[PDB]
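Next up: a single chain in structure tokens, the form solved without the named molecule.
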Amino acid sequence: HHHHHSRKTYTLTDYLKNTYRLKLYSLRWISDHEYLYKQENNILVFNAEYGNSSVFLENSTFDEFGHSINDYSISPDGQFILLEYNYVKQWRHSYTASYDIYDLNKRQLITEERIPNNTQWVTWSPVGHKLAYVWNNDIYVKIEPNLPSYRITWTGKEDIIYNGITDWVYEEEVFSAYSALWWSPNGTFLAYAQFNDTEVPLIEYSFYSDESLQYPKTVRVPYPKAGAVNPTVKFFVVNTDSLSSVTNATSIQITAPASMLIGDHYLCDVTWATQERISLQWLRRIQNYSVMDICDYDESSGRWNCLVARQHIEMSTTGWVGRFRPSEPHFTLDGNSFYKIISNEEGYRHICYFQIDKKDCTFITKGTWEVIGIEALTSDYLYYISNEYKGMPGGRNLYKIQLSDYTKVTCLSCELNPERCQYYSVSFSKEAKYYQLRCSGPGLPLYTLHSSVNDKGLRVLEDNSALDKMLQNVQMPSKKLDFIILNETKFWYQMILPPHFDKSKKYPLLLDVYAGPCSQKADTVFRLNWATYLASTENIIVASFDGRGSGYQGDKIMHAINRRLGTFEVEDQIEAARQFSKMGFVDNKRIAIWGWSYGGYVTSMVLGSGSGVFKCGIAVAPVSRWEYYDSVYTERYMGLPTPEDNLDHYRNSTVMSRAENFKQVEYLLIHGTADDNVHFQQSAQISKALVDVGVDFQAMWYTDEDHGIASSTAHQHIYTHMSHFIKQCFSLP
């Protein structure tokens, strides 16, 4: 006799088995009018205008292929499709695979001059159907899918010389991509980077593999830890139109500016401006100085030249440059001008308009909020995402500013669905005629299509009504997004609150932390995660807090932990917990903390602080000492680990030094043994330190799991194990 009251909760199995699924609407714009989508495994083509669709590629076309197809890529001219199979993951972005090209107008596979197995990367030219691929660390180009390839580079060498692909650090920390190949807009030129890792030390770890392997494998990866020798980089442009079968290809080198060549530096951004103009952004090893070169092709020479009067410098006196790297430029059509996000005089990131020949740029946006990204640029309008709306740093809306009058700024998403939608991202059609808006919260995700001419909504792509239907009688948690004031500054936090939240009660509280530089953990995003289960089923409040060092709020907050990681950011989580208890609905005896990666570091630093505030905590794949982490990320915030730079603080910010304070708390340390990112080493040293001072704690290694501990079975195992640990700690049955 329940009278239809919601009696279900969001349980651990619901999360682990994905009972409640967020529907997505993932599309690929092929033109300015149409996009590809997946229905019941067939590749449909939709017409943005009307919404009429037809089948582009039936789900039976390749059922005789003989292998499982991981992904596909359609040539920009829509004449061929690249089929990806034998996918074998490497790091976060990299992987190898086999490829076959299917000709769409002959409905036939191409059996001649096939792309080799173990190919590291493949990319179509942006127009037409030329192919560039990397194999054995060398670059190859196919002008037509059925013709022999032209070998561009001959120096490729496993673990030493990389042409067209990155090494570990560049992939993970510099580019966020494996690809180091950049086609000119019309395909004439193929720009690439070459990395030399000759003297970069190798991290080595065991890989146990299937139980069949009698002897474990030692994995060895070139990986510069803080202060170690970094890979070097060279940049080249090759004219693909002048490739020859009788002569080797001529790659034209573009050298980094003299102000970079004086020392260690990085190539940090490549952006084509026009068919014959390419911009390159370089960053010094001490990451407070970057130079943007703008280089033009010379018809006579066949060379590329960068004019000093076109160099733009971007520096910082308070920290590093950019959120994680200097922003990318968005060039106007003629390539004589560009827009880009930079910190203004007050430390807020806003869009600056540069003329190619001029040092002084002018700001088209301003205010105490920040521009997240530039999404599209037309002749009349620039579209961007910002967190200006209602001054909520954790909110995201799409705006459009008239290039001819900066006072004319329109918000396109703010008011579409104000109660349901406050976190937007966008996907523009090939020439911005249309755009898809994706709102991730705080209500159920909603995907809509729009024409930009007069920004009316065309239709609802995905509204997650099915999920909405399932959730009706489930006691879901709510989210509170608000701020507290420390030293006259707003600091935002979020709390996942148990259903039927009652201020009169004292809830156990879990602090879910990340808190690295430019992080944001308090936002308007709707999530179905572990926190969802903890709040809904176990009545635990899960809070996150963005303190000093956090992003999207100006350099004053973000740069506060410069050269001093493991200080304010750690101190702030503690102060947040104190604040949370003073609110009156938190049980002081049951406050815990957990985090992954930087978050595991903070968790561990917090637990080893002697603050007495936290009963227990969980660190997953934590950094433990900055010298063990990679050079480009670490040194960005910590400078060099030398007596003449910042060695003292490197040594003062390790978790191992706080070992003794762990006697006051219950600690669960978790790490995957094949973590190529934060090495198991880091946790191995935390554990040895705890053992050395006689502190008891809980541990779990994950055989062959990497930084994401994302294998289906491992993912379920870790959240199960962490759930027991938290329940135990909080005396929950």
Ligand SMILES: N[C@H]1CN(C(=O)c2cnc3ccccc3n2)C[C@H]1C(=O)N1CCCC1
Second form
Number of protein chains: 2
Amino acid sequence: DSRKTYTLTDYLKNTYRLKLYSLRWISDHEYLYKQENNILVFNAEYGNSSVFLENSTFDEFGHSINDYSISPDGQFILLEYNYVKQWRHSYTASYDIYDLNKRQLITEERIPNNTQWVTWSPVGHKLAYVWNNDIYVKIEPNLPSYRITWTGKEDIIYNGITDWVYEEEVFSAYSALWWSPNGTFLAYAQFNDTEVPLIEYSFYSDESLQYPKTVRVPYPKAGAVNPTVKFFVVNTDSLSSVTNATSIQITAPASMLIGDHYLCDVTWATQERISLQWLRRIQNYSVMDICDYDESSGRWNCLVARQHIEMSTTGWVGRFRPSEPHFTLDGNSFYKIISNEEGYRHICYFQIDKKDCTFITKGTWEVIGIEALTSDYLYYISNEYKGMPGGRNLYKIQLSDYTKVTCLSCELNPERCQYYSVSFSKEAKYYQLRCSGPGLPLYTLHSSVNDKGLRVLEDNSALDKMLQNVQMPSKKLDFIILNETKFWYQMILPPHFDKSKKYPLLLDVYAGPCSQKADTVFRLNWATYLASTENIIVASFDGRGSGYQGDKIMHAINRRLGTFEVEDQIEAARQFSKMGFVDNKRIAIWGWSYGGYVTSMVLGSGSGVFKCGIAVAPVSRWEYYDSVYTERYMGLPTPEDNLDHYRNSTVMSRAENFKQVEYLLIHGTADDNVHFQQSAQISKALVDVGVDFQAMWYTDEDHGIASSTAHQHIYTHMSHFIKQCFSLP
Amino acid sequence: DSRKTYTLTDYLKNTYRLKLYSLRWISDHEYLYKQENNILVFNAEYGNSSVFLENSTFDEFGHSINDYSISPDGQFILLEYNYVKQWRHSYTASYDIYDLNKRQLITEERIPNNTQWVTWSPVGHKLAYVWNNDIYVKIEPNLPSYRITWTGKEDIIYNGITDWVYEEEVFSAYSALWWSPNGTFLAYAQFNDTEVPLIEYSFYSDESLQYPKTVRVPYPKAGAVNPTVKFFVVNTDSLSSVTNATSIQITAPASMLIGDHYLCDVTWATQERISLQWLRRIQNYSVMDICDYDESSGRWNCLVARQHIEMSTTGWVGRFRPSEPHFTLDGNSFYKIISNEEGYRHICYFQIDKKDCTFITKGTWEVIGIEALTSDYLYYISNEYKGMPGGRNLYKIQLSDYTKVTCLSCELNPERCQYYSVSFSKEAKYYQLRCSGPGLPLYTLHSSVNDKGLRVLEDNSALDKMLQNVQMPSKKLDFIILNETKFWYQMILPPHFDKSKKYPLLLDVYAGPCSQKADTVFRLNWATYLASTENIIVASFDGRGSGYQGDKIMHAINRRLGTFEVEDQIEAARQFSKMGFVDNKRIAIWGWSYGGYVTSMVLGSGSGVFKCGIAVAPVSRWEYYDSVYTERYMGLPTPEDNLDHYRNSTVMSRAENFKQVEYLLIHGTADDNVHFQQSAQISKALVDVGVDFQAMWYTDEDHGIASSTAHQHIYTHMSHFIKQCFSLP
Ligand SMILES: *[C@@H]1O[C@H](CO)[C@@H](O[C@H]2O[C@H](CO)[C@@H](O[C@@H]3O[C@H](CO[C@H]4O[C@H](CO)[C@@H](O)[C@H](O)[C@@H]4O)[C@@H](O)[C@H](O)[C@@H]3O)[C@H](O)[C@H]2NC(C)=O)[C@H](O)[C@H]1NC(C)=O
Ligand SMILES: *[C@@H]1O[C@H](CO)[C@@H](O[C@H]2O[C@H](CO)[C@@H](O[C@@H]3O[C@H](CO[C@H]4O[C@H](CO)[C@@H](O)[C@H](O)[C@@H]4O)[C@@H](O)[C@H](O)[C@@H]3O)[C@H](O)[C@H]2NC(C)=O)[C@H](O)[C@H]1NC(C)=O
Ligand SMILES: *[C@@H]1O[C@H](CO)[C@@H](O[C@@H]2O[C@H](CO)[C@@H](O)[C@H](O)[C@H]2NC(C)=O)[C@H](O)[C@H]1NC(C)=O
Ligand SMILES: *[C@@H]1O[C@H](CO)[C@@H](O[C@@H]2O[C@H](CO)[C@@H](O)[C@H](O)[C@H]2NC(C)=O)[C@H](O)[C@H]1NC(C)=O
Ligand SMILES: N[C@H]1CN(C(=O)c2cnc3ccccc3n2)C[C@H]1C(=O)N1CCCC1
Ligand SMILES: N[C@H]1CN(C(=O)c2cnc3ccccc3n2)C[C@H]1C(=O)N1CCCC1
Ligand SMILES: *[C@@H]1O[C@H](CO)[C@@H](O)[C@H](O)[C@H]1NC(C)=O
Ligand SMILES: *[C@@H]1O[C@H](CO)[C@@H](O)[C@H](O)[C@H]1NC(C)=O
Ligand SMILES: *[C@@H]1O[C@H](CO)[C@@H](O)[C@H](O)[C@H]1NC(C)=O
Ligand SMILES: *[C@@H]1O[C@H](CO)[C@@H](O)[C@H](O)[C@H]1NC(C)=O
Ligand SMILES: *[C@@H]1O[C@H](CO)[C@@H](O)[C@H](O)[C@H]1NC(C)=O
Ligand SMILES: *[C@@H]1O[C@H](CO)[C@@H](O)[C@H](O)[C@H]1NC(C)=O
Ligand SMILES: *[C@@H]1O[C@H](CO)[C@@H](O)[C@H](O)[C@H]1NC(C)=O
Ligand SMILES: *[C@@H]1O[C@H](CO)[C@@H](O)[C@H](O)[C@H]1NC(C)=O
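Okay, that is the form solved without the named molecule; can I get the form solved in complex with the named molecule now?
Let's see the whole complex now, leading with the same chain.
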């Protein structure tokens, strides 16, 4: 075989690209899509297309455009430029608006520079935006905006945007605003960061910056003072240019105010109904609150009877946060993924005035998401098929009979497609399926009415040709049985696999609570190269604590972080040499983030099983990470709660055992998420007991070391280390 | 040969110790010295000895003692405990005093905790001390102290102690107080740090510290706002417990106040005369000021006529700062090392009212220090002998005839002793010589009167026995001629040197202005091990910019830092392969601090001469280091001064050329001196142009990475890297 291999350059220089088919539905039958640099609008029934915005319409604007948003009446286009990243989701941009009819960009009362956030109303053309931490409402794209709040202060009070910890661990968003469907109301949370300690660190910046900057961020580490939250709603119809605006407080429920709480979900039900979810700072108790609007008063009442109590006896509420509720149009009921009696997460029918819910699904598998609700059907993604947790399909359930369920994706392309996800049009007339493994990604449009497939949207046939020229590796997905339970793993095997030759093995890891590293998705990444070019088995394994296989597995790690999930990776490595094609002198292990923490705990176990490891951005000690996440699993680090295991579980206490292995610690110096301090303490520990190891800092890089030059650099560096331990040229 | 070699453990575990003979003269014939843990007093004429303080006299004190100081009348002992390091010289301690006669430690009016500084008067038992940045005077060891100043503020105003930059680059001391010989006056400088930018960085501290501390320090980087200085004197006799104390300002001279200046020397002449030296922020102009005391007034006048103007046409004033003046007893004259017409530094006789000075020495060598002044003789250290800059001896000059000079150390032990230094008794009746190379360190006591040697004090005969058991390397000191000038080098050659075998070579470097790495001193260090055990030639070389060989050499680098001193190391390496015993495939290079900066510039030169280098704590760009030092050599970094070479001389601009070499960057994260930022920018540069290299951070370590565990760790790490590039097992 004389074909080239998938090289390190291929991945790094990014030579073989998966084509995507990213669309934005704008109606019930049309969607928007990008071809080169103009925007095409498409008809879902027929396929036909038209130019909407040319890739020269903003030649003369003298500012490079970053994104764009379309008002829910096709009338105006928002243009996002001057983009500046903050955290995972946050940023600041400048914005201009363009009247699509008059072909003209607005000049009077512009959206101010460095805006934190901006979102259209659901109907019409109302904007809202957050700038210097306060909410503003523009009724029409060119009249003066109404200031809704006046409390906004840098690092202290956030109005309608989340703070650091809320952004990352609760909302997965900078945005803290919710319009009502009508567009009449605006609900927003407000966050108070006054007593929250700051993390401080250096940003060295460009060579021209003579003095390094100290970045400071309110960041509550385990057991420290959390942000407080308050919630307000405002009638955007009764807005005066003389009176300030009357915001209306919705207090948390009685059973939340007696201690620290978090606001963890905001979903509108109907024009005059909003549901709120709250979580105790001990995250095993959650309360949902139906808050109805009152005419006579101009206040929002939350009747104590309407509260629905979601709690857990064996661990924490929700996968990461508690599930979203999905409301029937009238608003008197809703479905919501909940953990059942046996422990598996399923769909539950809630009627808004009664206590009990009815389970409309069941069995030893879990529901991933609810995706669409019609009169007749609920559409959901699940891993039911072939009893494979790793897999993802799409199902519909007959509201008239919970027994009648059709699979809609299982049998569509079975050898190529075992992992689906979906986007539905505005009222669910069509749905794009996106398959993303085990074959090359496939994108197809469908019609809800009869479940007819219309056309294939992108098949990666161009990429498929190319890959035939290349000694591509394959993926084995399988399971191994420990303690009478089934745990799943994946191996990326090198091409021309000879099962009687002994191969060196890299165990890729994350293993954070409820994660999944053994799946049916097709990836082109570092592992491929180590399989194609270097002939290394790169295997991943989902052990206790892992996701999508019921609470009995996921909750095994409760308050015991850094125990079973670690232990398990070790036994996983053991069974891999038992299989006979593994060189038990050349087993390595590596991970990023949480994975870097498990990586280090493993090397630090003295199990003689691993020759070397790499840890990128590792958690090193749970009291160093954020409170919301850390506590969710570990409790509080106080002598009465879980201080003792908080101590029994540091990388540092395991320093002496590293004498037996080769270790490469990597960390970005600007890591706001897992602070450089986490590693700074792993290394000091190592130094102190006389252990040699390799380090690499990455200056100004954050948690994802995303910078193009840094990325290439790290995967280069990592590769050398890897080959070196394995004796390859 | 079956003898063991000098191993890495030997150096690290510190197996073969040089014995020292450290004494403190306390009179004209007695000195103090430590045997185990008691203090012995000695007679210089006869050798006899007595216990002074037993190593059990402070068993019952319940506090471990760090040092001790003896009042200039043998009456009380100061005891320094609770020692806490700050910078190179600064610290804070607790202090107790012990009445030696009554055998009792004082309890009323104790010296307060966290004292910055404390120093006895020259006669009697007056203390002065600095605590929370203010001067206090205790007249007797147990009456309430008098507060001299009230302006003291953390980080802002320093009374009688220096600030960061003054400590390091000007006074080489925390102490900023000077008693008059009588003990009547107290002069002190006061430093104002108000507009000085701060360097900020993280200190991660013990594992128990959940949030990393930000250390902030006023530190003026090149061209930034410097501290201002003011100078005061106080009559400690007229001190009232009702009136505050009247300090008396001595303003700098007219020709200093018109711009930024530094106070760079304070020497008392007689009971009522103090000399002050000042330096322009452009350090090529210095002015000394004779300030006489006035009876009638109670003020100090500095007559403009008495000023002595030291300046330079070819570079900067002084070696690092301008030389100390040494006063004849009456006070009307003094000697002072000055750079002569030809460029060599020599002794000059100054009479306090006339302009010209007379040179009392001359020739193509330099004076290192003045050491003693009597009626009849001036005692000085110089490198005159054998025309060897590397060497150090002791000379005396007949005040009655500048022609009659005797060498006093040259011919004392010639095969073993080429590098001397001295400590004289109170009125110069005796002097301990300390030789420290090329043989094992030797310590001998002498009598001034006739230059009789009395006895040998320590010869390291115990160490000498041991070393015979070991395959010790030798040192070749020699010179090579470039551009018709003589430049000196040293090679540590491995044992059983075969001059027809080709050896791998490590070029050790510092090469900062006026340094000396090629000398006759006997060291037992990392180089030895690389010579004894690994058979590597470790050679050092003093090129342009280097010290002790006249201004023509030292001033060659003026405003051209990072040019000739770099270029020269390269040509030094060239001539080393020309010699025939050097493997020109295995030449490496390394240095610390400045040396790390030259190291990096060299690897970054694309000269194909070096295979690999190590840089520890490197300067990376001159605008990142402190102003006083940086400007002394480079000027100001402004478009009109020397901004252009300030730019032409960064490591970063040389990033692409590193593709051709192996590089190990090391830095301590708590480096107050050369900030972590210096390397943080070398690495970011490297990342950016796709170059692979090895890094190691050292958390909480400072510029000397002195921590026991860190030390061992770095020299371990460094060793692996070294062997790896050289292909050794
Ligand atoms: C996909 O391709 C589609 C078919 O070409 C196309 O649908 C329409 O295209 C154009 C523009 O949208 C339509 O022309 C316009 O139609 C309206 C309505 O016309 C009807 O009504 C009038 C009066 O009531 C009658 O006199 C006519 O005979 C007709 O029935 C007109 O008012 C406009 O002036 C204009 O003529 C066209 O009718 C639509 N086609 C059909 C037959 O459905 C989409 O635009 C294409 N979509 C994309 C994604 O580009
Ligand atoms: C080194 O060894 C030295 C010799 O032993 C020693 O010098 C002296 O030792 C002791 C203690 O310091 C002295 O004893 C004391 O001496 C004084 C002076 O004595 C003279 O004067 C009186 C009256 O004027 C006469 O009556 C005497 O005869 C004598 O001449 C006495 O006042 C004390 O009470 C006491 O007796 C001794 O005299 C010194 N020795 C000599 C002869 O020089 C050092 O102490 C030793 N030093 C060290 C480093 O330990
Ligand atoms: C956002 O920032 C820019 C720059 O500060 C502003 O752009 C200027 O706009 C004026 C008036 O239209 C122009 O004449 C200039 O050409 C622009 N300045 C620049 C960048 O050179 C803009 O006004 C700001 N927008 C808002 C709403 O604050
Ligand atoms: C310096 O610090 C220590 C501790 O704060 C002080 O020592 C205490 O002294 C009192 C009275 O003598 C004792 O009873 C205690 O035993 C000591 N405390 C401790 C360390 O346990 C001391 O007084 C301080 N000195 C000054 C001058 O401020
Ligand atoms: N913040 C942790 C969670 N993350 C997620 O990507 C994630 C996944 N599912 C969510 C569901 C709901 C809300 C938030 C969610 N966040 C990143 C993790 C992370 O960076 N570290 C660093 C060390 C330990 C884990
Ligand atoms: N501060 C620099 C000077 N030093 C000395 O050790 C020294 C030598 N002779 C002196 C004479 C008078 C006053 C002060 C003196 N200081 C350390 C150097 C140093 O750390 N770096 C870091 C990067 C560049 C140089
Ligand atoms: C939207 O619905 C709300 C219900 O509160 C109603 O009061 C409002 O007038 C409606 N606005 C429109 C015109 O859609
Ligand atoms: C935020 O919280 C603190 C209480 O910790 C309070 O004193 C402060 O006024 C609050 N700020 C606002 C405006 O909500
Ligand atoms: C609204 O509130 C702001 C801040 O409290 C205040 O400055 C302003 O006067 C108010 N506006 C009016 C006109 O009521
Ligand atoms: C939630 O967790 C706490 C932690 O100690 C525990 O005491 C309690 O049993 C749990 N509460 C509920 C309501 O399940
Ligand atoms: C010391 O000398 C000074 C000269 O100013 C004199 O005034 C003072 O009284 C002297 N003190 C003693 C007793 O030594
Ligand atoms: C120090 O300097 C500043 C001038 O930069 C001055 O305003 C301040 O008062 C001074 N502090 C003292 C007490 O000398
Ligand atoms: C001395 O000065 C300090 C600070 O200016 C002041 O507080 C004190 O009153 C003064 N002492 C006396 C008693 O004159
Ligand atoms: C000192 O250096 C400056 C720097 O530009 C130079 O202009 C001048 O010639 C020198 N001054 C003296 C007095 O030598």
